[PDB]
Amino acid sequence: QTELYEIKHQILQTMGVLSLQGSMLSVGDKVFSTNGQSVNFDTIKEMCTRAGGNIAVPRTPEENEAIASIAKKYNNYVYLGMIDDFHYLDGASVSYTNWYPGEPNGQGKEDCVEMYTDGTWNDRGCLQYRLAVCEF
Amino acid sequence: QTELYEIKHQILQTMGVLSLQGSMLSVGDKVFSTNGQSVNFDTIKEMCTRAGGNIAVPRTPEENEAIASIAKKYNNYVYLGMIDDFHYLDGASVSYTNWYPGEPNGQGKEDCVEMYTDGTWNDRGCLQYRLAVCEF
Amino acid sequence: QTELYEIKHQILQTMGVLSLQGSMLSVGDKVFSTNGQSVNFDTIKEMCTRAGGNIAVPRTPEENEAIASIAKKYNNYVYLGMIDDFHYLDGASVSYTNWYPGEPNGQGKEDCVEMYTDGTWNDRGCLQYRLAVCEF
Ligand SMILES: O[C@H]1[C@H](O)[C@@H](O)[C@H](O)[C@@H](O)[C@H]1O
Ligand SMILES: O[C@H]1[C@H](O)[C@@H](O)[C@H](O)[C@@H](O)[C@H]1O
Ligand SMILES: O[C@H]1[C@H](O)[C@@H](O)[C@H](O)[C@@H](O)[C@H]1O
Ligand SMILES: [Ca+2]
Ligand SMILES: [Ca+2]
Ligand SMILES: [Ca+2]
Ligand SMILES: [Ca+2]
Ligand SMILES: [Ca+2]
Ligand SMILES: [Ca+2]
Ligand SMILES: [Cl-]
Ligand SMILES: [Cl-]
Ligand SMILES: [Cl-]
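Chains as they are written, first to last, in the numbering used here: chain A, 1 to 136; chain B, 1 to 136; chain C, 1 to 136.
Nothing false has been slipped in among the hints.
In silico SDA-like cross-links for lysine to any residue, where the CA-CA straight-line distance does not exceed 25 angstroms:
1. A:73 to B:37
2. B:73 to B:47
3. C:30 to A:47
FRET-style restraints, in silico, Cβ to Cβ:
4. C:89 to B:62: 24 to 32 angstroms
5. A:60 to B:50: 16 to 24 angstroms
6. C:42 to B:65: 22 to 30 angstroms
7. A:12 to C:50: 22 to 30 angstroms
8. C:93 to B:95: 52 to 60 angstroms
9. C:61 to B:92: 52 to 60 angstroms
10. A:12 to C:89: 32 to 40 angstroms
11. C:9 to A:102: 36 to 44 angstroms
For the record, the hints were derived by calculation from the structure and aren't laboratory data. Where is the CB? At the ideal position from N, CA and C, for every residue including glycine.
The following block holds chain A by itself, in its conformation from the complex:
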């Protein structure tokens, strides 16, 4: 009983501190974070995996708003965890989308997806330097 309450309180304290610092954003069960570095898609995947997480992907409008707020705050385009019928990296077809008007427009050439600072998406090649955002 009391053991568990203190434990839960301390966890919420640490998450509160991280949230206040701008080191994380929590949406439901998901936690999004960036260290502010920009690298290509594969390198973001490697960085996220190294930390025990995955490259971020928005599966809901609230998750999209959260990642967009990161893009806007750090002022850079962001690579999302999807790959060209776009799929999540787990192999499932993407449900929620937020394409910029006219996108996706690069079938066969643009396999990745970047998010603009306004939260909309563009299919893009995977070799640009983009803000690394992970989800845990």
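Take the given structure of chain A and dock chains B and C with the ligands to it, following the hints.
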């Protein structure tokens, strides 16, 4: 048994890291933190709430010293969680006080309380930009 | 059951965020961290203790690589938790070593141990300013 020990150890590790980084200060059951931003009283309240916490207030001399050390380290005055008979934001009358000599002196005009870098207090209007310190 | 799973997941989320931020490095049960400050040996010990940890020491090749990566990333020599037969600060004789060629060479004069950015060690006096690395 062992499940709980590992969990507790990991929590203390994360708190240790945050403490070392200067991202938190722990006094008893309370954790104080700032992100170094300066905004007005209402905006600090909004920032703290957003992170799952509350604007910091010292209820003990040790808590006062902790928040003072934050004010001194970030070198800015700090708004405290009290409002003019001063009350905590939970509605209770303030017990512990540490007024600068001659304060409070602004009844009816100065509804907020700021802490100086030496840890003493002054009643002040609520519309200055002050270091945002939260408690969790 | 479910209580514990959610707790464990949240802990791993916070550790993931800290890892991504570069605020910690995890090797087995140990967590290494620096705040980037440089001070002398005693002062590092005081800083680590204050945070609830201890000055870092590598007891395995993997731990050595981890601390070396911190030295390399922050680009400074690091004081290790050992003191001249070198002993850990717990009083036990050091097992794993990684001396730079020709070291240790300062018996009676060089009581501390610093790590270079390439991960090798040198016995040194204790009064230099070195990157503070703690272990939790
Ligand atoms: O992905 C492409 C590409 O980035 C082009 O540079 C741009 O002009 C297009 O609008 C966009 O669809
Ligand atoms: O709150 C007031 C105000 O800040 C005045 O500027 C100052 O001169 C007073 O000493 C103080 O009590
Ligand atoms: O510890 C000593 C010391 O740092 C000297 O400055 C250096 O030239 C030696 O090589 C080293 O062993
Ligand atoms: Ca495409
Ligand atoms: Ca496109
Ligand atoms: Ca007043
Ligand atoms: Ca006053
Ligand atoms: Ca020696
Ligand atoms: Ca030497
Ligand atoms: Cl490209
Ligand atoms: Cl004012
Ligand atoms: Cl020295």
